[PDB]
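Given next, in structure tokens, is a single chain: the form deposited without 2-amino-4-mercapto-butyric acid (HCS).
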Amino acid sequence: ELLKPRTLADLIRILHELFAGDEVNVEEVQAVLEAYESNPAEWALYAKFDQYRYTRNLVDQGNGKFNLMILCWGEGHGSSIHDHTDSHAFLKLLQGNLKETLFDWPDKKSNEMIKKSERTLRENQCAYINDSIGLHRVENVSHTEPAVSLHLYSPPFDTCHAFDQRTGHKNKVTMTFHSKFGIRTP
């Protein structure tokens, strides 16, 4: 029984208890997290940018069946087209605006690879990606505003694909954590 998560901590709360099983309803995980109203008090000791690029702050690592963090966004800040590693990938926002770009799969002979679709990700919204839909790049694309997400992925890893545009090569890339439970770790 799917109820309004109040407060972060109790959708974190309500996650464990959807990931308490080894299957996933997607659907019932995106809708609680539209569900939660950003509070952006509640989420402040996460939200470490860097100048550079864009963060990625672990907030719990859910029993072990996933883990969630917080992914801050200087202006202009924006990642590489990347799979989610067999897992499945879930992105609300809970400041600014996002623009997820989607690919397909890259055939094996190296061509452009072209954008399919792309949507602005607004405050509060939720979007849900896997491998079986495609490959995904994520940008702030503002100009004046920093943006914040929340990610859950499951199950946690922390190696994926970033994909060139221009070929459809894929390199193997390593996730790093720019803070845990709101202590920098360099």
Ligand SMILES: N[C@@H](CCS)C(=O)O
The other form holds:
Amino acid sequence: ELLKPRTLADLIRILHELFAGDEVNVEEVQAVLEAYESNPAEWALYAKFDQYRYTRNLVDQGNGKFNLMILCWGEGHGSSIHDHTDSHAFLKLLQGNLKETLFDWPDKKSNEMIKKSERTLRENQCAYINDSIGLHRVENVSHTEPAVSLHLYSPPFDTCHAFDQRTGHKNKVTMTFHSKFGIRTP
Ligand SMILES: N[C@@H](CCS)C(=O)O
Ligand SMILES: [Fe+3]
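Rather than the form deposited without 2-amino-4-mercapto-butyric acid (HCS) that you just supplied, could I have the structure of the form solved in complex with 2-amino-4-mercapto-butyric acid (HCS)?
Expanding to the full complex; the earlier chain stays at the top.
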């Protein structure tokens, strides 16, 4: 029974209930993420930016079932084209706008990865992806506004692949946390 999360803390409690089992009701998880109205005071602790690239800030470890984290995107910061390691990936905007570009899985043959579609994700919107859907790139193309997003991955993963847009070739990447539970983790 899904109720509106009143606060980020409330959201986290609700997520623990929704991931208490072995499976994931994606539509319910997306609905509750969308229903949380971003309150910057509640996540300022996690919103640690870097001048040169986007940062990943761990918020909750989900009792082992998921990682919940906040990503902070300076102006012009963006991601690789990447997958999600056979996991569920939810993305909710907390501040600003991000451009999500969708790509298909490349064929064995070397070829330009042509974008399938793109959308602008706006404050409080929640997107979902998984490997059966495809790949994506996420970018803050703003020249004037930093962006902040809330990501939920289930099961947790700390490795993924980056794809070369020119060829489709992939390379394994290990993701690091800029901070955990509000604490910078150099
Ligand atoms: N999965 C990426 C961000 C876009 S979903 C990450 O954690 O760096
Ligand atoms: Fe992603």
